[PDB]
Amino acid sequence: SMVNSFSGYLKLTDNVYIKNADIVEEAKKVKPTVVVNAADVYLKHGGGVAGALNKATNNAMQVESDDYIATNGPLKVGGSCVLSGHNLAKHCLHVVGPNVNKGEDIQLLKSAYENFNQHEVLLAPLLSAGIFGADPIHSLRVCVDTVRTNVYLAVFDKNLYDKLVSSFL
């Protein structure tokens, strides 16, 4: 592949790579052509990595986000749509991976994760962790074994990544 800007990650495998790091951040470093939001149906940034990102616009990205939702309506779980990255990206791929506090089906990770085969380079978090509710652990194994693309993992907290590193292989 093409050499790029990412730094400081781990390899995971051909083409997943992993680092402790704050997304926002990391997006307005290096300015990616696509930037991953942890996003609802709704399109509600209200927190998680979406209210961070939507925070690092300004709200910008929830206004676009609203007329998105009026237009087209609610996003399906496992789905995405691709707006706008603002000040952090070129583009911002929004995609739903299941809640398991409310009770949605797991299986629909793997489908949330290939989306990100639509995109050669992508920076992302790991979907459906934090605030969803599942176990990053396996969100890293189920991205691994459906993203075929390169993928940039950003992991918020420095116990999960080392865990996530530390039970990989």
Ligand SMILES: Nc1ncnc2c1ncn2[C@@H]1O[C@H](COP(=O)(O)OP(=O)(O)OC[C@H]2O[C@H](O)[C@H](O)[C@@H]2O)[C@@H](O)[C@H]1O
Given for the second form:
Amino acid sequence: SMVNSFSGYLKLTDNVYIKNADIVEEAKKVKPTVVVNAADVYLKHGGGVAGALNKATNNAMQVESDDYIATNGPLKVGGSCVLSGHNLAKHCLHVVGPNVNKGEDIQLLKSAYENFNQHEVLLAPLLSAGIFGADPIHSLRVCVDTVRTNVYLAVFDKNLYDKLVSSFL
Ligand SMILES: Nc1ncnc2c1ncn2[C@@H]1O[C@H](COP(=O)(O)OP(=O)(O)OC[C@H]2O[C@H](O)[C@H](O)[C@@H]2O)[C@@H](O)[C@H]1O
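Could I have the structure of this protein in the form deposited with the named molecule bound, to go alongside the form deposited without the named molecule above?
Starting with the chain above, the whole complex follows.
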């Protein structure tokens, strides 16, 4: 059931682990079965996790995503799709957290994290915690209280990581 080479993760719960790391570098090191992208409904991979993952695939993720949207239309807020992980992972699970900065319901963050339960092991970011404007501690708490499968969270920002791991969740 895949034993992966995740290294240097702090344990949060039975099934959630966390590390101060760039998700791109973790994916290159581990080559997991599933890397999660913090996507938008249009799969336009501009910045943050999505832009960094896409750049590391030499834009192949974006080209594949454009074909996905042309065939299927936008994802739902809280929804997901499974696409290739290209050189980074077997699969990329593109998951859309709510864009709280655009008035989308923060409750949809739970629906977003539920997608993780369809996969035994994931390398993932904190959904909605960047430009989508959700409180990062809240995103972590929802993750812990929603995901039952094994999730390795990569937190790029050191100061944020230090705050998250010293917080009650
Ligand atoms: N390379 C990285 N590795 C790990 N964590 C990262 C990295 N880059 C950012 N983070 C953290 O990952 C967390 C999420 O930040 P975000 O990636 O903005 O995702 P969202 O769900 O809020 O916004 C999605 C939009 O952003 C994109 O443009 C998409 O195309 C969408 O339009 C934050 O804590 C970041 O510090």
